[PDB]
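S.K.: Residue-level listing of the chains:
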Amino acid sequence: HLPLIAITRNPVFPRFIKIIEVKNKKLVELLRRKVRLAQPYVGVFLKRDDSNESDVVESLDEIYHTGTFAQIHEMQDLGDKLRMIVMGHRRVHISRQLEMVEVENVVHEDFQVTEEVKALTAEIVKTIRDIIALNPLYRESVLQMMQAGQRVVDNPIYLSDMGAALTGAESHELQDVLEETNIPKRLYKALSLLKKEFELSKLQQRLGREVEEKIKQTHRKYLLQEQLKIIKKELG
Amino acid sequence: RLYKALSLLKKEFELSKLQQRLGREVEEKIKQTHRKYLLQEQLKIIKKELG
Amino acid sequence: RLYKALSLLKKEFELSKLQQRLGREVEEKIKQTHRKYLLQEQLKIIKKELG
Amino acid sequence: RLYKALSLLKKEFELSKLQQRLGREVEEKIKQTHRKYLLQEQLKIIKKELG
Amino acid sequence: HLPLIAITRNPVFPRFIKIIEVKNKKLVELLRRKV
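Chains R, P, X, S and Z supply the protein sequences, listed in that same order.
Residues 123 to 221, 272 to 408 in the deposited numbering are what the first sequence spells out, letter by letter.
Residues are numbered in the deposited numbering as their position in the second sequence, beginning at 1, plus a constant of 357.
Residues are numbered in the deposited numbering as their position in the third sequence, beginning at 1, plus a constant of 357.
Residues are numbered in the deposited numbering as their position in the fourth sequence, beginning at 1, plus a constant of 357.
Residues are numbered in the deposited numbering as their position in the fifth sequence, beginning at 1, plus a constant of 122.
I should point out that these hints are in silico values taken from the structure, not numbers from a laboratory.
Just so you know, even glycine gets a beta-carbon here, dropped at the ideal spot from N, CA and C.
Honestly, I wouldn't trust all of these hints.
[Unchecked claim] Label pairs and their computed distance ranges (CB to CB):
(1) R/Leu396 - X/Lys361: 33 to 39 Å
(2) S/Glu371 - X/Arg358: 20 to 26 Å
(3) X/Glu385 - P/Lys374: 53 to 59 Å
(4) Z/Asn132 - P/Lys405: 44 to 50 Å
(5) S/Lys393 - R/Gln376: 52 to 58 Å
(6) R/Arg378 - X/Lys361: 49 to 55 Å
(7) X/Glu382 - P/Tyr394: 51 to 57 Å
(8) Z/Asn132 - X/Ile402: 55 to 61 Å
Chain R with its partners taken away, still in its complex shape:
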């Protein structure tokens, strides 16, 4: 029984540390009111299209039924009075947020035959490795921490979500990926988001090299014309 948090354009990806800084101080009242509890906690939900804080505090249907319950860790408040750390541990989908009853329907079905099911993992890690190599966003050291050969990936779905965390794909696409129930479908969609970033990235690099070669050609040729002007002095 707590009010839905005003996320205010702060996407909290599953199993990915994140910070939240709402400009409103009303949430600070609730965060101080839960310090007295022996086990404070906070929930995280995702906003639908056209964010509006007044609708969030007036109606409760704007926020998606999906939530991401998590434990609180530690306050900071270096500058602002509300720099709270969120993370993604327990995903959930309330049947009706207006009504609160909840259940941990963190489905994780897997086929009994687990030999070729990891073959896709090689293509997922190779793709993720090419996104961070050709388009570095976060440190590669975390990849050195979590290697596929160490067998420490007790939760492959969490690896695929952390690898999808690197994607730049829009939050609506992530909400649709959360809507998927079948394992191959959510895996293929997270892959399609990886490719969706990859096309635009490789294009930006091709566009850059083109424009740079154009500037080079334009100046290099000017250098040739200059070599003509200097080697030809006092001959006209």
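Start from chain R and add chains P, X, S and Z according to the hints.
M.R.: Relative to chain R, chains P, X, S and Z alone:
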């Protein structure tokens, strides 16, 4: 061990090969998305700087 | 014949290095052109900001 | 051994001297070619510029 | 007569250079002891 190594190279190459063709089919089905989606990505790219 | 072939190699090394030295020197003459213009440009921004 | 090594330095210097003198001569014999051949080369360089 | 190494999920194919980084520090004592 040359026989079993040959059988392992066959089975492993068949796994990477079938993954490459099945992935080529899933990639072609993502290529089934019309080239208008690619052009519309470029249309949205035109609207970036100032305006 | 070995001395003459080495002397031809030397002759091309000489004519080549002469063309390259004149070209790098002219290029540095461009850099001396522009760089001082960047200094004068800095004078301009300083005078335009407080002059 | 000091004298044999000194004699080797003398003979090696005599070989290097005869090679450098014969080569100063071959360089002179190619230098007999007129400076007009060099100015013709720079002339051709003028004609082959800017692509 | 050496303690068993902690392979800790690190294949070392024959005639193949490989690096090992077990998280336990007890193996480091054996590495200094063999010097």
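S.K.: Now, for every hint given, state plainly whether the structure supports it.
M.R.: Here is how each hint holds up against the structure:
1. R/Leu396 - X/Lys361: 33 to 39 Å: holds, 35 Å
2. S/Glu371 - X/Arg358: 20 to 26 Å: Holds, since S/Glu371 and X/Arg358 (Cβ atoms, about 23 Å apart) stay within the stated range.
3. X/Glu385 - P/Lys374: 53 to 59 Å: Once the Cβ atoms are compared, 57 Å apart, the range 53 to 59 Å for P/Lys374 and X/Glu385 holds.
4. Z/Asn132 - P/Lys405: 44 to 50 Å: holds, 47 Å
5. S/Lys393 - R/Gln376: 52 to 58 Å: Roughly 56 Å apart at Cβ, these two residues keep to the hinted range, so it holds.
6. R/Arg378 - X/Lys361: 49 to 55 Å: This hint holds: roughly 51 Å between Cβ atoms.
7. X/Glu382 - P/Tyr394: 51 to 57 Å: holds, 54 Å
8. Z/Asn132 - X/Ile402: 55 to 61 Å: holds, 59 Å
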